[PDB]
Amino acid sequence: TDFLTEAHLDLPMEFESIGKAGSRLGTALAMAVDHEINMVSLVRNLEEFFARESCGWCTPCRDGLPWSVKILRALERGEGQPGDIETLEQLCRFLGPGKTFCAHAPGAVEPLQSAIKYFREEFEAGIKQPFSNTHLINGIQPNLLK
Amino acid sequence: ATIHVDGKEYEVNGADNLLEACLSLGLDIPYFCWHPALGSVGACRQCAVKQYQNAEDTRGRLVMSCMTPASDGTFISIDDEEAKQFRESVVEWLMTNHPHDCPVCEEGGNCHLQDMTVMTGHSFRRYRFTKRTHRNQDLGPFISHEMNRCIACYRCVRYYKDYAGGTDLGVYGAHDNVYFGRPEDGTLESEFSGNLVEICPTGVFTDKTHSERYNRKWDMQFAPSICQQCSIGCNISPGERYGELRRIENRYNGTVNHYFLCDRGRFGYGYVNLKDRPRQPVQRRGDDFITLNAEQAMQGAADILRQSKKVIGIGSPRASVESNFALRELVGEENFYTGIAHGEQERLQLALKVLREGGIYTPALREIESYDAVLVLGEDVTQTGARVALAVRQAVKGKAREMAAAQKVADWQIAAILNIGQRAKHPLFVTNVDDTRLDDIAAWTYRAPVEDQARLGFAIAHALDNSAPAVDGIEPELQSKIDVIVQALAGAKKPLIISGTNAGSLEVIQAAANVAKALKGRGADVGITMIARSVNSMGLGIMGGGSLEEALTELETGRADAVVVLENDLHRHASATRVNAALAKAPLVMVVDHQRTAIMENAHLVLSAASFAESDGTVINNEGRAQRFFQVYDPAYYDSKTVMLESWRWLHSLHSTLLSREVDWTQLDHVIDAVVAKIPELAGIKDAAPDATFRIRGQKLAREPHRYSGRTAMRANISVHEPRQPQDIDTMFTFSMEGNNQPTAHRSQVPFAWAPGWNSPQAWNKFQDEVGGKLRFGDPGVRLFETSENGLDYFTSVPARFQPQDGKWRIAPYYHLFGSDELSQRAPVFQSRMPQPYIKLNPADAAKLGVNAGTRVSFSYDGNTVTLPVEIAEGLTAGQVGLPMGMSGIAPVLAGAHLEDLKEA
Amino acid sequence: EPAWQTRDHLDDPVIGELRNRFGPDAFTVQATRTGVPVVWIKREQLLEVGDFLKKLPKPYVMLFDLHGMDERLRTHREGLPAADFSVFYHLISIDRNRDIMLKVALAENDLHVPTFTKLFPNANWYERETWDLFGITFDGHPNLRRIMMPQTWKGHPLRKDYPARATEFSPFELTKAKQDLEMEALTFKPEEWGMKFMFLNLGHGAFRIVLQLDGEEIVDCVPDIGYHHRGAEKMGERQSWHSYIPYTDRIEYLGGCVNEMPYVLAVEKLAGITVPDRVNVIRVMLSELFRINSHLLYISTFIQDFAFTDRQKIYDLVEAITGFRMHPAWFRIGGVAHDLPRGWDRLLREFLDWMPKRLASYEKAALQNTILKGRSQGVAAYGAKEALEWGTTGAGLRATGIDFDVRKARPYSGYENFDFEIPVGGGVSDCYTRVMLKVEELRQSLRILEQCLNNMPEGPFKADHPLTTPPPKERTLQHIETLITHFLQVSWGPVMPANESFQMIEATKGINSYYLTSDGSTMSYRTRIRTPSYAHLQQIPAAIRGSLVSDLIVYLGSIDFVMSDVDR
Ligand code: SF4
Ligand code: SF4
Ligand code: SF4
Ligand code: SF4
Ligand code: FES
Ligand SMILES: [Ca+2]
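Chains as they are written, first to last, in our numbering: chain A, 1 to 146; chain B, 1 to 905; chain C, 1 to 568.
Think of the hints as simulated: they come from the structure by calculation, not from any bench.
Do not take every clue at face value.
To be verified - Derived, one-sided and incomplete: chain B residues facing chain C with beta-carbon distance under 8 Å: (1) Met95; (2) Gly121; (3) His122; (4) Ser123; (5) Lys493; (6) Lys494; (7) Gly523; (8) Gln699; (9) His706; (10) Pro756; (11) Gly757; (12) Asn790.
Every residue gets a Cβ at the ideal spot worked out from N, C-alpha and C, and that includes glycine.
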């Protein structure tokens, strides 16, 4: 289920009330996260669970949840690179209902998109190194894209 | 129905899903997990389009076109930006763990994943993390395994398990460590495992025989040919390179063998590449072997044949219709002998009479899959006619298809079909001397001698219709199982009766004809299918002639002083001692063949015939469909000393030099016209393919792709000067890329599938009228005979019960897919695949002999004591001894023959 | 809005004028990526449409091109009339700075079009070549004979059912051709060649002209061309889009990258590729270097009728950049093959510090040499009327006072960013006027090179498009998607979706243009190359009438043609 802030705490625990806030009522067993818990570490743990409890049937969950897991590990270690948060956002948009074979992956990407929506500063604080995907090959001049 | 794709209106079938409907129209949607023959499961999530609710809808919703029905008034968009971005994202997700292997990958230039990576326009890698790896398995001699390249699309398991009925290939593991393969290292046990090299859209399963001598698809010279390995007549695309046959790809024929071959046809081509094949005419002189060219061989053979008082011809069911006809014209109709045994010919002629005079429609191979009940009498189909066994498996799954169709479930939603049809299936009743490979799906299996199987068939026929002859001496439990078969066949809308000449019993064929006639008399839509032995058994039976024993008597009595043997080793159809004595007695033996056979030691002249890869011709399959196979390459292009002509060309020029003392290398169409003039029954071979003057808007048909490479360096080691392009005057194809291979070309003979953007075997989608259906502008090949207006009579010759007498062992035939076809045995990759020759014994017979499993026993047949190790066969009945037909020393003529003096060695 | 977008050009005023004149159902407008309106005209209305376009308020005055096309194998004919063959006429209006392409559809058995030589006299050789390579007869044509093939040639080589490859060589055909060519001077027939007084054969390139002389005066001359026919367009149908770039190089061999440029721009129109600015600057720089080289050779050859060291400096610079002197084969679909080597700017700076003194020397050798002024002025001259009707472009057209340069009128490859002038002659195309225009063009190319050197973009040398062929090499060597794209692009070929594209550029001899038809495949369905040397060589019998043979030699030396450009 999506994370909610303390401003959403004054809200009845009904299906339509939580749904209109941008979440799901779910099993109505709420979990409270205090201030000293890092949001990136919490979502990293959640995505590790969701990416190892995938059944492996369909490509977006099977091959896109581990990519989000690796990105969140990099953001944990301060080894994130520019474009990682954009990759997480695109993964959240492309693992929604109907894109994947079952509803495991929408429920997987709900905490990620909610924590990006409400706690974006920590994910941006995870990015501390320039984007490098290649290595220089001696003899070949690279294509310096702008 | 009516669909609106990107603002354009199309009329499609409403029973189709959106992916196959749009692919039939020519719209390009990427797809991985969907296959036309396997249905839709929605795994790979690659086929995404945007479906709108109505015409004035702007938001839409991303759906999978393979899982979405093509209902009436359906508005979708393929080239919408969100759909394109999602499809590119799916390609990128597949690319995150994919290895950097394309230069060293056998599927490169042939890879559906390459084509769909390019088609979605994904070329920039922004994933920077580690790629998951995997360890490979050893899958045997044929299929190479490379699990790194897997995109987890489940095509292999769906084909191999749900379609092919195999049991030793599954998916293991979890979230993204999914693994595909066997539970342990070992050979894949399916007879149709070789179709994985085209089912898999990546390089996980590759053709290991092609991998040992590898070249890319653009370097291949392809031709449309017919598989020569059994009688079914599956269309193949043999591709060569550097003068050797490199690969057999499947050639789509929506009537016969649509997407699938068997492993014999796919991997038993290696006899063409043997280094002991005849390549020049060789004439013996005392102990010397003088090599002649074409004209010297023809003049010398014509002189010696002119001096001889009577020359007889021995054809073969391996040779084409044209070659057997040319031999018949050379020696005369009365001096032409079909080079098969008398009992084999009698069974073949009876099967022909049933097919073209029994008044019952004989189905094509794809049409077999639409029948509601199958009775297989005597024919071990999986080892003799394997594609029919695959079609029978589909016809058996038809009951689950029907049950799901009752609940308004679409026919492509295969997972729901298999869920509804849990273990319910259409009735299958197989009879054999032992256990078949169809026993896992058969409703009942009858292990019995051929007399008892024929008696069971006659009892079924009598219980279906009392006008049929009755069978006396049926046990009550066997009678109850007879009643079960009768209740299953009488309630079936489309019953199918499959028999053949491989059981070695005339009465099995008679019983099958009786069952089919009894089902026809009740008004059922019955079909019958006979399985012959060789590629042109049916054509040689139609042409006719004497048996091999008659020709042996002619040679032994001295009435024939010259024999021309065409593509016949002569030991598979008669005893080797008698053949050797008759051929050593004859003062002139001339052997026209493409394989080094044992009778070439007794030959005065050996003419180097061409195999199917170096010759054109026509063969008739088990259903009576004339099919033209075209030459793949010129053998003289790389080696200028090679004189390897067609068998009909050798024999026609020999006839011309015999009559007029001048050599006439004729054309293929002249021989076709001669066949359809002299033999009216074979008049349909004229329409099997168009003649050599056929053009597509003025230009010929190309044998090789447009990007064929090395054209100025492939022979540069011999000479730097390029030779002439080989002229093909026999057929409409050309030996170059200067030709036509467009998917929208008005032709039926397609050498290979290639379209721009589609380099894989999924390029066949562009060459069909609708995907998974007929080939566009019709499938190649024509049926020779129509269904007769009136049928046969009931065969009243009911055999007695099999009785085991002491000192006489009835030989029960055990056929093997790898080892019972002669040219397949010659292929070196089958040596590692074929089993060791075991002689099968009942536990009671081996206990009476005192023999245990593995002790070598000797038996004498035709005064030849041969020893084989014993395997205990429980399902074999007592008094019978099981032998592997076709293997080393054991001829198929021994099927049903008695055995004497079976002692421990 | 992209410049490669498929447009219909229904907002062109010529379409409305044609609708008002012939009616809306008299023609079919085709949406292409050529950048011109493509109008399918009925065969009977062709001369009427030509008359109407010749008499517009700002008329279409130059037949830029005329050629055939075999449509029998084209599968994507959506929105086109049913045609087995077609003939396209590319007409240019300079007052409107526009152009139109009229296509005439033809059935396979009725292959005859009315002649266009009454309207445009330069259509003579184009119709001869269309007859030669397609078998399309032109009714009313004076001498419709083969222009690229010998007269004893069977079949038409650009038809789709003609074998492209060389057939088996035979010494018997060589001896027969020797007997045919070596008895021409003895058994000459002065009616096949279009003539009707002594007959001479002469024997930039080697080619033969049949001359008819009254004493030493030339009263009739018929060029015999096709001796250097390489079948480059038929090869365009045989190579992929990527592996045809060397063949574009080998046409007008003094041009090099200049000849590569219109081909890659047309393919990029087919592929929908907008190249980045550094690609545009690099391709402009190399085309200007090769333009300077060609102008230097032309000036040195004319002055002959010291200058070969500057050509060596240019060749050393191009060798450093590309790796090859005169056939660099270096432009790619979506960019160039490699990046500029580290140290190129030093070589260019040393070249531009060497050229002003040499250019002053050339101006002293051409202006102060009044013997050359006397022997060059008035030698086979023509005005703007003769330049328009014969399709003369480049230095001759601008020497007739018509200010039409492609780099300014229809700018390409980022020539808008460069400040350079277009030298225009007084109104008479002398040899001297054309040579002076070449000198001033050389000065303007030096100015363009200075502006390139002083302001060089730092960026990519290949586009960020999926159809950029090949992809950047380092990403090919370490990324699987890029490796896959490289694998499929260099082997099967890049797939251009089915369209027609056209690019016209200013070559070193005039206006060069590629017209590419893609049928959705990895090769070209049709490649049409319009070269200016063809139209320049057609104008010789219209200008050298009544002149001396020495005047013919000087005029041939001052045309600035190459024979491989003629016979393409
Ligand atoms: S989204 Fe569901 S069906 Fe797809 S892989 Fe994940 S758990 Fe399996
Ligand atoms: S499976 Fe396809 S994409 Fe993967 S390495 Fe092989 S050719 Fe390349
Ligand atoms: S092994 Fe091949 S067919 Fe099987 S899931 Fe992987 S990619 Fe698909
Ligand atoms: S079933 Fe017979 S014809 Fe078909 S591939 Fe197998 S051996 Fe060949
Ligand atoms: S092809 Fe439809 S999801 Fe795989
Ligand atoms: Ca042949």
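Note to self: For a quick check of understanding: which of the numbered hints are violated here, in increasing order?
What the structure shows: 5, 6, 7, 12
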